[PDB]
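Take a look at this single chain, the form deposited without kanamycin A (KAN), given in structure tokens.
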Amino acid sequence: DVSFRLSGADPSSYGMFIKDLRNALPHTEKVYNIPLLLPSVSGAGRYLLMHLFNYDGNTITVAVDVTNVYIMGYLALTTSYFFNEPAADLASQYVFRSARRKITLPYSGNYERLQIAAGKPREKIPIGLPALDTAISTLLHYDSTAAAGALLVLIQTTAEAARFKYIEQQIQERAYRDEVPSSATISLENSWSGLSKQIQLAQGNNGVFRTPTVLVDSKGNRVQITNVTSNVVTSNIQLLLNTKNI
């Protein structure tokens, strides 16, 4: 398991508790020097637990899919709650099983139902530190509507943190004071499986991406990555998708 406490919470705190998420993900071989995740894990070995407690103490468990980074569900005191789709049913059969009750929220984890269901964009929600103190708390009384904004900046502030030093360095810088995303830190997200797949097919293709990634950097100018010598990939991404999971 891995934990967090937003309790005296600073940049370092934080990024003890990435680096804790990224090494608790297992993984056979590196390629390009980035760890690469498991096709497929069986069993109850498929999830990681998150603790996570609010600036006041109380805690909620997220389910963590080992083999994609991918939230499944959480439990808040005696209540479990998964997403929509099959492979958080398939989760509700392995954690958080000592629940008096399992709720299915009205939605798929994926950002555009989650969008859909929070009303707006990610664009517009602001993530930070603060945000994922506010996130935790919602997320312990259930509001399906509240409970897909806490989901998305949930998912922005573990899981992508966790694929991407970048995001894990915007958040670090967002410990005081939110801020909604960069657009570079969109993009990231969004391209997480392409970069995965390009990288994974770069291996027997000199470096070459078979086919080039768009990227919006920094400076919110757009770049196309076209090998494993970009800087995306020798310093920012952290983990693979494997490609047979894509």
The other form holds:
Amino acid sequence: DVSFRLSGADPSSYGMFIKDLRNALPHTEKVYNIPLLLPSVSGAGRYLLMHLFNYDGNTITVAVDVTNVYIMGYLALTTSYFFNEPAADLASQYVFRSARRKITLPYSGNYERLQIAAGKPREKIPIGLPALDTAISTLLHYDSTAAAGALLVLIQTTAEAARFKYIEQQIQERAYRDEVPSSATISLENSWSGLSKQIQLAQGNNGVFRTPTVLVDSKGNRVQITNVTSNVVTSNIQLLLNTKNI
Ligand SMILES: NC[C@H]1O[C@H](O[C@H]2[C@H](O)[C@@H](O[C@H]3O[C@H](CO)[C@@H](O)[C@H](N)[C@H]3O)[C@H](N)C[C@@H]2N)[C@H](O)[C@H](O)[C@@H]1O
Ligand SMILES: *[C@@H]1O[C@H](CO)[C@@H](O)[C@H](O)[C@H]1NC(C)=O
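Right, and the form solved in complex with kanamycin A (KAN) of this protein, after the form deposited without kanamycin A (KAN)?
First the chain shown before, then all remaining chains and molecules of the complex.
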């Protein structure tokens, strides 16, 4: 298990948590020095439990599929909540089994679904450590509309930060003040599977992408990533979705 406490949190302790999160994900290879997530894990070992504590010390446990980072559901007091999707129902067979009741959320875990439920795109949802504190609090008491927005915050401040060093730094900058994610942040989130695939296709292609990945940069400019010498590959991305799962 990995843990993060919002009480007394700072860029350092958050950095420690994201490091722990990455280190809890199993790999047997690195591709271009980046850990390659496993094709599959069987049984309960497939799911990492993240223990998150809001400022007041209240807690949720979040279940994360270790092969893809995907958060399937969470436990709040004695109630479990899972996304409305086959992978999450499968997760419900292994985690939070001692919960008194199980609620299936009325949406899948997809942005194309969470943004609809929340009533807003995540370009307009501020993220940061204060937002994460809020998200935890929201998820403690069931409210499906509010939970959608909370989950958008949760996903980006945990999973997306684990995958991209840039996103981790974005959140560290938002330690004490929330701000909507940069265009670059959104771009990276949307491109993770694409980038993972192309970095893997590059291993037999002299480090060259079979298909270029288009990203927005930090200055707000749109750029083509064509090979492994790009800063996104050498410095930014921290985890690769296995092509078996793409
Ligand atoms: N991004 C990683 C983090 O956020 C995901 O959310 C995103 C899923 O990445 C994407 O992929 C799958 O999402 C759902 C899970 O299968 C499915 O509904 C969907 N059909 C799939 O495409 C989807 N496209 C958008 C959604 N924004 C997670 O579940 C998660 O908790 C994880 O830590
Ligand atoms: C690789 O990417 C860099 C940009 O990061 C670019 O300057 C260069 O032209 C690319 N090389 C190839 C072979 O595509």
